[PDB]
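As a plain string of letters, each chain reads:
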Amino acid sequence: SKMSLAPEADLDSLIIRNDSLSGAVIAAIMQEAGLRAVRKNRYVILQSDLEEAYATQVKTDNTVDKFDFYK
Amino acid sequence: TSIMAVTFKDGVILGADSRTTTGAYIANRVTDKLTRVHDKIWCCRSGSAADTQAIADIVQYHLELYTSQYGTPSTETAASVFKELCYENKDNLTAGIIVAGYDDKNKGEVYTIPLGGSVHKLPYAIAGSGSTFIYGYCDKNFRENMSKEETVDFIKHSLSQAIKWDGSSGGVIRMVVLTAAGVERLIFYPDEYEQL
Amino acid sequence: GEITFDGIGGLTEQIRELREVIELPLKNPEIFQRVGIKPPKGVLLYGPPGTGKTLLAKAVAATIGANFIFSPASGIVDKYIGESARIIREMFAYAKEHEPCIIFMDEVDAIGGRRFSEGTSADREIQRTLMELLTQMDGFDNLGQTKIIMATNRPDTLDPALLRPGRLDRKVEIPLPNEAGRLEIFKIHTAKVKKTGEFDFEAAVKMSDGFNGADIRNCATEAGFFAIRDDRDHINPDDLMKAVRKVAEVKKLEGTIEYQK
Amino acid sequence: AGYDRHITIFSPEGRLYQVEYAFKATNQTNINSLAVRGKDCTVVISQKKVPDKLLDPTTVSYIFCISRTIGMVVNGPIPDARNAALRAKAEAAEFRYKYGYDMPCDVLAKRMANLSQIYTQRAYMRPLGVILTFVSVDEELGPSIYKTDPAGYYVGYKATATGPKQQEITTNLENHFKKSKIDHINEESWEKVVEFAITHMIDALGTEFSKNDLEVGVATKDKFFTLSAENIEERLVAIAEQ
Amino acid sequence: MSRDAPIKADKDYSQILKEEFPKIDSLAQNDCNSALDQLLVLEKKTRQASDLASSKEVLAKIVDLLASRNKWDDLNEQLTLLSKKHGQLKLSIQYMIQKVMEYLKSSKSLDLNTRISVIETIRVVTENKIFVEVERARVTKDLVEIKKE
Amino acid sequence: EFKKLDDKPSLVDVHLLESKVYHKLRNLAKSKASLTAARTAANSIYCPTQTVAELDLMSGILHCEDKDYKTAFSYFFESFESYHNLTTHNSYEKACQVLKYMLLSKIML
Amino acid sequence: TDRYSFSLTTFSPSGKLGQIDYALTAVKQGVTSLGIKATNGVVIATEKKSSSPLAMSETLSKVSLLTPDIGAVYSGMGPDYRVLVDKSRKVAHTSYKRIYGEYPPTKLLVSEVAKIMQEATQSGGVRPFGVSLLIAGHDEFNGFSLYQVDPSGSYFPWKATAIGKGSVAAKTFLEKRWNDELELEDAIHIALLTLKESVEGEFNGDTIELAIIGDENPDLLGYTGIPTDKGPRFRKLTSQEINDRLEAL
Amino acid sequence: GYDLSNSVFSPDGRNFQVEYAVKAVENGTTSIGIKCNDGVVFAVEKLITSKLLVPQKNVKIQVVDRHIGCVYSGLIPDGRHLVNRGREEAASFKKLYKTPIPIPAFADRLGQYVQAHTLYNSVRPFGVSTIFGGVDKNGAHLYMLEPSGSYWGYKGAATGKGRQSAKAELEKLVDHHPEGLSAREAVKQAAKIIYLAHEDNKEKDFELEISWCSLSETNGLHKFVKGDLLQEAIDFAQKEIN
Amino acid sequence: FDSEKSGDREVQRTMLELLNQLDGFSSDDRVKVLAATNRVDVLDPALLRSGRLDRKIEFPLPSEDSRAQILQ
Ligand SMILES: Nc1ncnc2c1ncn2[C@@H]1O[C@H](COP(=O)(O)OP(=O)(O)OP(=O)(O)O)[C@@H](O)[C@H]1O
Ligand SMILES: [Mg+2]
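Protein chains in written order, with my numbering: chain D, 1 to 71; chain X, 72 to 267; chain Y, 268 to 528; chain F, 529 to 770; chain B, 771 to 919; chain E, 920 to 1028; chain R, 1029 to 1277; chain U, 1278 to 1519; chain H, 1520 to 1591.
If you are wondering where the hints come from, they were derived from the structure by calculation, not from laboratory data.
We treat Cβ as the ideally placed atom computed from N, Cα and C, and that holds for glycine.
Any given hint could be a false lead.
[Stated by the list, open to error] Simulated pairs of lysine-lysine, DSSO-like, Cα-Cα distance not exceeding 27 Å:
id, chain 1, residue 1, chain 2, residue 2
1, Y, 305, E, 989
2, Y, 454, Y, 519
3, Y, 305, D, 2
4, D, 40, B, 860
5, D, 71, F, 693
6, F, 686, R, 1264
7, E, 923, R, 1204
8, B, 869, B, 911
9, F, 581, D, 66
10, F, 693, D, 40
11, U, 1469, Y, 473
12, R, 1193, R, 1076
13, U, 1300, F, 581
14, Y, 473, B, 778
[Stated by the list, open to error] Label pairs and their in silico Cβ distance ranges:
id, chain 1, residue 1, chain 2, residue 2, range
15, Y, 528, U, 1518, 46 to 52 Å
16, Y, 469, X, 255, 58 to 64 Å
17, B, 834, F, 580, 24 to 30 Å
18, X, 110, U, 1335, 45 to 51 Å
19, U, 1453, F, 642, 49 to 55 Å
[As the list claims (entries may be wrong)] One side of the interface only, derived from the structure: several residues of chain X facing chain U at Cβ under 8 Å:
id, residue
20, 138
21, 140
22, 141
Model the full assembly from the supplied sequences, consistent with the hints where possible.
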């Protein structure tokens, strides 16, 4: 709500990835994506920026969706 | 049964008939005996039908694994497989196999394997039981390195005399041509080679 | 221990990355307005030892010239209690009247400790000082032109509330110098010394790996001893090729193994 | 007990940490692969990288020929890659031997899966740390991809990727079949499917390629082949002239 | 790479085709198109450093084409193809495109020809966001003036 | 009696209709009481989309009446997304109506 | 050399075998599945799930065929399910179809599989399969029958039951939903309705795998002119059928 | 405690066992394999530990069948076991197919055998690096085999303590001759770079062994260098390093 | 310097304050270190690095000649 996005960016591609996050790390990724945006030199968050920032400080799990064979 | 293979310039031509008798009764008169165990290394079986077919299956097995691990085997290699299968089952199985195959480097080659099991390289090989009658016809008129046309008419006439004098041999004559170009089947009906 | 924008060669990509967090909101908060993010802050530096993580700290205080303090991990520790809280509380205060400040914690493993206090009383002394930081980092006290650069030599020593993002927003690792990253480091250190003329490093260095950035300057020092032995005043590629053998040899004495997030 | 995870035994959570650890050793070569279905072909690309020049580039490979119609692409360490390749070739020979026709890709997926299961049920087997992609063109099922993993689980796919950064590629494939509204590319020549694949790889990984940085395997009908560098270069040139 | 043979070969060619440039240059008087091909093949390089050198031979050559009043059309298409061919080292091509615009200002062409050539050129770097941008804005304002009148 | 048989997400609707009754009896003290119970019965994640569109609609009208036009506009924006883009059987009239309330909310500010 | 011949399964000091406890926890980790026994058939239903949405799920099965009268469905581990289905077919043929030349009653087969689980609990070098199976079948002497084999190696017959992580809620629903007379049609609607409480994701016939041990199908027999043999009583319903029943709720 | 066995994994992708074996190999002496156009040239540094030894009476290069040289570093008895195993396998192939085993086929065999020792608690992974190669009818080939059960093609391979120096020097040798050199000319080069790889090792004195399998001079069989040729190589290196 | 539940965190704080003044904030270029120690496998990875003890000398067990000298 606070920051600008691009119509290419989506918040629904973030559900499928990890399913245990803290509220600080969601405030963290979006801030980290706002630095990568300036390396492009852009003021709107692209979905390229937004997935790269997820990939750093990802804190991966093997309990969450798209990482399972216990199904 | 009659099988032969004859090398020529550009490769080799394999030749067989298709008559398969048990006793006096022909079980099928259009039977195949030119078998593929690799994609360039074909064989001609004779002897006991059961025995030849079993052995051929096992050799296909080994050659296919050879291809998947080491690259395609050479005619030499396949012949060695047949030899070592015959040598372990010489007292129980009765097989005469002519292994003919195209090597890209050397050309068509012909090895023959008797039933005791040994390899013999030859410029032309015959086996079966319609073959003890055409030995001299082959040997007199053969030269090294004939043309493809020549080779085909050669094997045709040889197998016509075999069919004539052996009653276990007959039916259509079938041929497989192994060359760099590929694999070609030929088939000659009785009306075709009786005239000559 | 001052040096220019460039404090390393071949790891420039990480130098560029650091200033993103520090130098950019310093110059223009207004470009982080356009995005609408919180102005970046908070940095963890961690990596293998001797890799210029501290020399980069000195370089970003030198280059920008923004107000710098500092803290060695253990000169802020006091015998009196409520006195080691006092400094660091009062150090943040200093940071709000002094412009754009940059707080370098050097080699912190002292209060990096976890909850322990089943051991000695020293572990509650750590605890008292640690709680003090959290309230500063986030609360009604919020920063924006006060930045944290935290230098450590292993980050899995720490308490995870000192691994907490939005206090530490970017976690920049500087690895060991790379195959041709040593080459880039060598060309700045052959200018300092007297040399016959040497632009023949390249093969020998890549296949004498095992060096951190400070050992490259120890190849030059040890090559100046091979020179002294010959009674030479110049670094020769005869001297250099015996040096890389020696310097590699003395580091195999103990190993180091470190893993990261 | 103190041992739950040096042997294959459930945890108090009801789980197998060991097998997890196997999945945490598939991203050490850091090779990525991308595999898509044409209309009459299957195309797979993988990275090739050599850390040194003193290697011979030809021998460095990850696309292994199992059957004449089934190609196998491996993600994970190369020792386990070779053990898996040998396993599979054995089973292929044996299928041809006992049933009289070449092994189907589906059957191979499952055979290898069950062997996997056995490595994680015996207390002194170590599981493979490789994800295998089986690419085939069947005549009963059409072009198909089957993926098996160290667990012994396998699943079919329309397209799939593997590697450490394979989420990027997932995005790409997702959007592509979103627009197309169909589960395979409609292309009647295998060349252009190679081209499309390389395009999505350049977009996804963010880095351009060269003939010595690629490795390409194609499954057409009744065959499997690999392209040499010379033919890969041509594909790259025809990409720019789209 | 895995061999060093491309290195030795590529660099060496660069020096020698300076020696053969006067021969090419007289041949362009008889037929430019054939000389154009010879330099085009030359620019196929698998070694980085030789790219910078081989592009300089083409710069001298195309002055003749640019000055002409039919052949500059053909020149605009080439620039397109060059960026596409392989990428061929993102430094080389970016220097060339500039030197050509700089030449255009000094050759002195029709309002019309100037206008239409530039639109073709700014079009190429719309698909790029590398060094091109510096030059792209400068020739954009040069084009602004054209339509200002 | 269906609250001992509380397994169904179709008890959401009943709470909502009770909210409407108090709404046109023009008391919102009890309107909120029945709304809270509607949100409780819709906390189950197995409810259809349509019934959740209804959930936001009722709140949209209600905080509008309470004269908060910041909350009303956010709720009406959510219900516009539901009605507009799924099928229309009465959702043509309900996308129209929600739209008119969005316009009204801004005039008050 | 090898000396894993001592059991990895032991008694816990508090009385229990720890390993089946861990396995039964693992079963509440997996997919949800249920089975309802009607008077004139049995219906089994489960959810199809995959790692990626781009993975195929039609080339994948969670309802498997052991015999033309007997199907199985699992909740728990996929890999463990796969091998054990094959083994069930295996011992069904070698010890009832060579000795009596015909397929086994449901119950007989249930015991055949319970032994395999048992010897996965005994004999070092193994750990239990981490699955619960529903074995639904029909035999001609006890009619329609529904069993549940647990990680332990016991079985129980049920009238209706559910396995997986949503089991507590599902079973409470089926508590009212079960009736002394149920029609196979009604049971189909009921099973879908229950597993809808259990599933969050998209709900179609392409994600809900339905199979019925209903009545015989002479069209699935593959031949005609034999009235003596009849068709499979099992049937897998492909997506088309199931899509009608979404609408008939 | 994930360092205890080979069948354990760790969440870092590590299997500490196998990494530790590399440190056993780091304890061996320099051993080089030069891939030339005509064949392969192996050389081994043989430390002369005492003045009580019989010189040139101990071989660290052993041949398998007759056209594959094998030279190993690390643990000498352990590598000895490995070579014995490879001869068994070679003779098996030779009996079964009537041709001396190809070098890639040999590579498959040894790689599988060493890969095997990480799948069972029962055994210990071999701590040796092997370099083996020769001339077969599809050309000369060179392989270096890890204690991990990994291998690749190589134009030049090395192992030991003075591997640092040797690798760098080989880089140069491929920069001198990007089209390669003669196996005749490579005798002198092996001498050279072993000598250069003994300054890291200059506690001692050593004896140089060289052997080669090339098509042009030994007719494709693995023979040893001796006599005036060997001593000339020695002198060559000696003058270079002085 | 990964310590669990002990007073080793008190000990190491005189290790860390050493590494700080063995860094240059100049006025240590002329100040040196010699160190003797029984064992060299117990050192901290921040003392493998050069800048702390750059030269690393080993004391060997005696030689033939050396032993003779010592007795004398
Ligand atoms: N990359 C470099 N190039 C040149 N000198 C360097 C480099 N990095 C470090 N040094 C030298 O090493 C000395 C000490 O290293 P420094 O204190 O800066 O590093 P560090 O990585 O934090 O490790 P520690 O904090 O344990 O010392 C410096 O004073 C400088 O002479
Ligand atoms: Mg420091």
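For this session: Double-check residue 140 of chain X for me: the hint is only fine if its C-beta lies closer than 8 Å to a C-beta in chain U.
Result: Constraint on residue 140 of chain X satisfied, holds at 6 Å.
For this session: Hint says 45 to 51 Å; check whether the CB-CB distance for residue 110 of chain X and residue 1335 of chain U agrees.
Result: holds, 50 Å
Exercise. If you draw a straight line from the CA of residue 71 of chain D to the CA of residue 693 of chain F, is it 27 Å or shorter?
Worked result: Holds. Residue 71 of chain D to residue 693 of chain F sits at ~24 Å (cutoff 27 Å).
Problem set entry | Restraint check for residue 305 of chain Y with residue 989 of chain E, where alpha carbons must lie at most 27 Å apart | Roughly 24 Å between the alpha carbons, so the hint for residue 305 of chain Y and residue 989 of chain E holds.
Problem set entry | Given hint residue 40 of chain D paired with residue 693 of chain F - CA-CA distance at most 27 Å | holds, 20 Å
Exercise. Regarding the pair residue 686 of chain F and residue 1264 of chain R, is the alpha-carbon distance no greater than 27 Å?
Worked result: With a Cα-Cα distance of about 23 Å, the restraint between residue 686 of chain F and residue 1264 of chain R holds, given a limit of 27 Å.
Exercise. Once the shortest beta carbon distance from residue 141 of chain X to chain U is found, is it less than 8 Å?
Worked result: It holds, given that the least Cβ distance between residue 141 of chain X and chain U is near 5 Å, below 8 Å.
Exercise. Taking 27 Å as the top limit, are the C-alpha atoms of residue 454 of chain Y and residue 519 of chain Y close enough?
Worked result: Between residue 454 of chain Y and residue 519 of chain Y the Cα gap is close to 25 Å, so the pair holds against 27 Å.
For this session: Compare the distance between the alpha carbons of residue 869 of chain B and residue 911 of chain B with 27 Å, and conclude whether the hinted pair is satisfied.
Result: holds, 17 Å
Exercise. Does the alpha-carbon distance linking residue 1300 of chain U and residue 581 of chain F stay inside the 27 Å limit?
Worked result: holds, 24 Å
Exercise. Is it true that the CA of residue 923 of chain E sits at most 27 Å from the CA of residue 1204 of chain R?
Worked result: The given pair, whose Cα atoms are some 12 Å apart, holds under the 27 Å limit.
For this session: Mind checking the alpha carbons of residue 305 of chain Y and residue 2 of chain D for me, to see if they're no more than 27 Å apart?
Result: holds, 10 Å
The structure fails hints 9, 17 and 20 (numbered hints given earlier, in ascending order).
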